[PDB]
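Just the one chain here, laid out as C-alpha cells, in the form solved without agmatine.
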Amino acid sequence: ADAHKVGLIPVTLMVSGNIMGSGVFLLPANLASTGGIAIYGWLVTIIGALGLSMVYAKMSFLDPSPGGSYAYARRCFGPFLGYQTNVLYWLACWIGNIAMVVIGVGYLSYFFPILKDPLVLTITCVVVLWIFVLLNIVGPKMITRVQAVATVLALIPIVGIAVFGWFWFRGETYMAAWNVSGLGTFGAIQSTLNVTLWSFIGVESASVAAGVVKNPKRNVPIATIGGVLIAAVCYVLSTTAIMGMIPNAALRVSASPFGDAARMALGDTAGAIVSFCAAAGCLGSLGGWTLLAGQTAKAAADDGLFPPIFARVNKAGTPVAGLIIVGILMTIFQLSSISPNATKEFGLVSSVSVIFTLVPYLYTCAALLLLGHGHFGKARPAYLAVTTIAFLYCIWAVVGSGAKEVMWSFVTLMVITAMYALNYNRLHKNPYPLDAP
C-alpha cells in the first residue's frame, strides 16, 4: 500500500466516473419520453443501487481480493462459476468501450465536425482506445489520475445545473409533463426503470480493482458507497432540474440536452464547455473500464481459470500483454463505426454484453450471504434485507430488458459451460469425484 497503489480519491472518482460515463448527459432525453414521474423510478433505482453498493462494500471489506466479483464467486461456488464470472465481466468491460468512445468522440464533433464522417470517426476512435490502453500500460496511478481529472471535468456541468439551474427551474414546466408516456402509473415507473436501473453499472469498480488500491479493506468500501452516492445525487438533481428548465417536447427531440440547452442559454461557449466536459467523462471512463478488464483477466489467470498470458506482468505488476490483447479486440470491434449499418449490426452485441454484468452482481450478493454469515452477528436481519433488495435490483433489470438480448445472454452462458468443460477436464477438481478407474 505504498508505491504503485491508488489512493482513496482517485478510486472514488473512478467508481463515480465509470458509473456516470456517457449516460449522465443523455438521461434527461431518455426519461423525457416518460416525464417527471420518472422521479419515482429514481427513488426505486437508488434504493436498489445503494443496496447493491452496500453489498459490495461489505464483501470487499471481508475479502479485498483482486478481481472482486470473480474472486467472490470463486470462493462460494468454485472454479466453474469463477471462470464464468470472469468471462462475462471481462467481455462486458472491453465490449462496452466501443459505444463509449463513439459517444465521447461524438461530443468532440462539436469542435471538429469531420468526426461525424464515419471513417474519420473510426480512425479517431481506434487511436483514442490505444491512447487509454497505453495510459493503462504506464500504470494504474497514471490511469486513475487521468480519470480523476476527467471525472471532475465531467462533473462541472452536471453539478453546475444540479445547483444553479434551480433559479431557472419552474414547477409548472416539470408538472406540465408529469406523465407523457400514455401509460398508467406502474407502466410509467417501469418505463423509467428500463432506463435508470442500468445507470449504476460500475458500482463494482473499486471491488474489481482492489489489487491496485491502497489499504483496500478500508478504501474499497468507502470508494464504492461514495461513488454510488455521488452518481445518485448527480442523476436526480440534474435530470429533475433540466426537466424543470426545458419544455418536454424540446427535451424529447434533443440528442444532447445539456449541450443544446446550454448553447442556447448562455451562448456557444456554454455549448463548447458542456461538450468538452462530456467528452472528458466518456474518455476517462474508457481508461477505467480498460483497467477493470485487465484486472479481472489477471486474477482469473492467476488462478488458472483464464489463459496464462493474461497474468503475465511487468516489474510493476501491470498486465501489459492482457491490456494489449484487449486493445486488439476493441480495435477489431471498433470497425463497426465505419457505417450506419455496420454500427447497428454491432448494437445487439453491445446490448447483450451490458446484461453480462448482472451475473457478477448476483454472485456477489450470494457470496456475501454464503461466505459472510458468521460476520453478521445480530444484524443478520438487516443484511438479509439489504442483499434481498440487491437481488431484486438485478432481477428487475433483466425483467425489463429486451427479450432477444437476454436470449443471447442465456446462449452465452451455455457456450461458456461447454468451453469450461472442453478446456478444463483433467485439470478441474470435482467436489464428489468418481472412484479410481
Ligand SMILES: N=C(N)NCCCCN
Given for the second form:
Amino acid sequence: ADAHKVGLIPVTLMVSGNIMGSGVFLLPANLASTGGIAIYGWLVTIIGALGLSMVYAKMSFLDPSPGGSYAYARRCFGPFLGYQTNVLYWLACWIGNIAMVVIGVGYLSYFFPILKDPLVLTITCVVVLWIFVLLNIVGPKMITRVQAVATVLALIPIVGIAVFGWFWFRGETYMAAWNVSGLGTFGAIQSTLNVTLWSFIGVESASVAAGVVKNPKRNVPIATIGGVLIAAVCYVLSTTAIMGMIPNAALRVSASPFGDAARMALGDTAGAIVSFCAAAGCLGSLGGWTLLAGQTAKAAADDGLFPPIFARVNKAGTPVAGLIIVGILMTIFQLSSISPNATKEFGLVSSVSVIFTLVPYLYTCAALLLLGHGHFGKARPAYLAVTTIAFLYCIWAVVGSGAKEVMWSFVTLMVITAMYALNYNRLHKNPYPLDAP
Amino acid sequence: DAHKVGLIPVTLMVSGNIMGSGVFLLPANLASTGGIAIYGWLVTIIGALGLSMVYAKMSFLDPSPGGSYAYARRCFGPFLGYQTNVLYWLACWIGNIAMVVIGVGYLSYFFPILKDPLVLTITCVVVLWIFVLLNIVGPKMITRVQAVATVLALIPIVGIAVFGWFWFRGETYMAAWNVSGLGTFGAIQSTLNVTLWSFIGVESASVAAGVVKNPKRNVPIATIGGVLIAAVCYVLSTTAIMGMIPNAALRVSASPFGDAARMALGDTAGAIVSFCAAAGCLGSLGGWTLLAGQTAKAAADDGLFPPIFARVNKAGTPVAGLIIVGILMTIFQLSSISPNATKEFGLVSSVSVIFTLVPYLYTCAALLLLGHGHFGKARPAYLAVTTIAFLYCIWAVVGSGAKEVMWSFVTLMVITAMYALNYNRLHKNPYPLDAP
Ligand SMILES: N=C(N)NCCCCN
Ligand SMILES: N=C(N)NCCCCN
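Mind pulling up the form deposited with agmatine bound next to the form solved without agmatine we just looked at?
In what comes next, the whole complex appears, and the chain from above leads the way.
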C-alpha cells in the first residue's frame, strides 16, 4: 500500500503547481488594466487564501479521508451533499483541463506556429490530454514526479524576476500606472479581486488527493499551506516586479508578458525559454487535476455515491477506468478549439465549472466547524475567525463573478438535486423517515 | 378541531395566495407576447398541477407543520431544513411589500392621493400591520377574512369568463397571435417567464398544515383544488380579455380589467373591478403572513431558527414571530416613498421570488426519497409526475434574470456559512470524527 504513496515534496509541488500552472504568466497582463493598486487586491486575496488553506490543512489533519471536500461534506451533511460536492468538483476538475491544455499548447506556438492553426491545436491538445491520462494510469508517483519537474521548470522565470527583476524594477514605472481603472479605490481593488481571487483554485489539491499521500495527517496540511504560500509569494513578487519593469500600456497589450518582455530583453532564446517553462508549468498541471478528478470520483464511488466503475482499480489502486472516462469526456469537450466561434461557445461552460469549486470550499469551511469543534480547545475564537475569513473568500469570489455563470451554477445545483432524488430513492437513508408503509 | 381551519377557507387560501395580485395583470404582461401565450399556459398548468400533486401526496404521507421545511428536514437533515425555512420565510414576508403596494394601488381608483408615494408608504405600513394583527387574532379569523376577500376577487374574473365570451372575437385574438417578434419557442418562453411564476402559492395548505383541520385529508384536497381554480381562472380571464380588447390597448394598459371595465360598463364597473382586485390583493397578505409565521414556528420548534419564533399564546399562535415579521416588513416597506426608492428594492423582491423554488425542489425530492415505499404498483406514475414538477422548478429559474439568480446563489452560500457559525457543536454529524 505504502509503495504507491507520494512524498511531501511532490505533493507540495502538485498543490503549488495546480494553483499557479495555468495563469501565473498571464496575471500581470490582466491586472495591468487596474494598475499597481492591485497590490491591495493581492493583500486581501492572500489573507483569504491562507484562511482557506488553513481550513483545509486543519480539516485534513483531523480527517485525512480520500476525496477531500467530498469526504468532509458527506461527514457533516450526509450522502446527498457528498454526492453533490463530488459531482461539482469532479466536473470542475476535468472540464477546466480543456482551458489549460489550450493555453499550454498555446505557449508552444512560440516554437511551432502551426499550433496556432485551430485544427492542429485541437489534435495536439487531445494528444496531450491523453498523455497525461496515461501517466495517471501509470500511477500517482509517476504523475507527481512529472508535475514536480514541470512545476520547478515553471518557477525559473517567476523567481528569476522575483529575485533579480528587482534590480531593473522602478517605482516610478509602477506608480505611473497606480490606478488606470478609472474607478475609485474600492472599485479598483474589487476589479483586482475579480482576477486574483480565482488565482488560488487548487488549494484543496492535497486534501482531495489525501488517499495517495504518505503520512497524510502530517503531509497534507504542510503541502496545503506550503503550496499556497509559494503561489502567493510568486504571484505578488512576479506581478509587482513586472509592473515596475514594463510600461503599463505595453503590459496591457501583451498576450504573454513575461514572454513578450523576455523575448525582447535578453534575446530570442530568453523568450523561447520562458515560453517553454510556461508550457511546462501549464501542461504539468493537467496531470494533477486529472489525478484529483480520478480521486474524488473514486472516493465517492466507494461510498456508493457515484457510479461503481469509478471505483474499479488495478492492483496498485489506481482508478484506471475512471481516468479513462475522464479522458474521453475531456476529448469530447476539447473539440471546442477547432474554430474561433467554437471556442466562444464553450467558454461559459469553462467559467461555470470554475464556480463549481467554491461549493466544496464552502462545505469544507462548514465541515471544519461542524465536525471539529471538539478539537479546537480554547483556541476556538481563532478557528472561528480563520474559518469566517475562508467563508468570506468563497462568497466574495462569487459576488464578483458574472451573473450568467453563477446563474448556471445555480441551475446545476438543482439539476444535481433532481438527479440524486431520481437515482437514489429507496437506496437513500432518511434522517427522519416516515413509519412503515 | 376548535382553533383549526376547515376545507373551504384553506382551499380559498391556496387559490387566493396564488391568484393574489397577478391574475389581473397577466393579460398585460402576456400582451407583449400575444395570443400564443395559450401554449405557455398549457405548459405552465401541466407543470403546476404536477407540483401540486407532489405537494398533495407528500402532505398526505406526512401532514407536518411547515410544509416543505418539514419534508426537507426529513429527507436531508437539519442543514437543508434550516436553509428551506430561511429561504421560504424570507420569500413569504419580502413578497408582501409588492403585494400591498399593488393592492393599495387598485384602491387609488377611489382615492388618487394614494399615488403620492409618501401617503402610499404610510398606507401600506398600516395595512401590513392590520393583517399582522388579524393573524395575531387567529388563523380562523385570517382565513375567514381571506376567504371573503378571495370570493370577492373572483367576481370580475368569473364574470368575464362567463359573460365576456359574448364579446369575444377570435379575429381579435388571432390578430395578435404572435406580436413578440420571435419564433414559436421564444414566444412560448417569454410567455413562460410570466406564467410559471403565476402558481407560486401551491405550497400554501402544506405549510399551513398545522392549523388545518384533518390536514391529512384536507391539505391535499385544498392543495389540488386551489391550483385547479387558479389555472382555470388564469386561462379563461387572460384568453377572454385577449379576444375582447385589441392587443395594442392591452399592452399599454397597466390595469387592463379596470380600464376595460371602466370604459365598458361605466365609472361604476371600474370601481367594482378595482374594489375586487384590491380585495384579492390585500386578502392574501394575511395568508402569506400566516405561512411566514408557520414555517418559522415549525423550524424554531426543532431548534433550527431563533426560539422566539416558536413562542406562542394559549391558542398556539406565533404572536412574537408575527410582530417581528411586521417590523421587518415595515422597515422594508419604506422603499415606496419615491419612484427612486421603489426600483432599488426590485432585485430583493425578484430574488425573494426565486427563493420559493428551493423548497419546491426539496419537496419533489422528498416525495421520492421518503414515500417510495408507498407507491407500489403506481411507481412509474409518481416518478413521472414528480419529474414534471422538477422540470417546472428548473425551467422557471432558467428563464429568470441572471442577476436575480446569482444573488439567490449568494444567499445559499451565506445561509451555509451562518448555519456553520451558529449551529456548530449543537449540530450532529452523520459521520462524526472520533473523540479528541
Ligand atoms: N479545473 C481545472 N482542471 N484546473 C483549475 C486550475 C486553476 C488554477 N488556479
Ligand atoms: N411571497 C409573497 N408575500 N407572495 C407571493 C405571491 C405569489 C403569487 N403567485
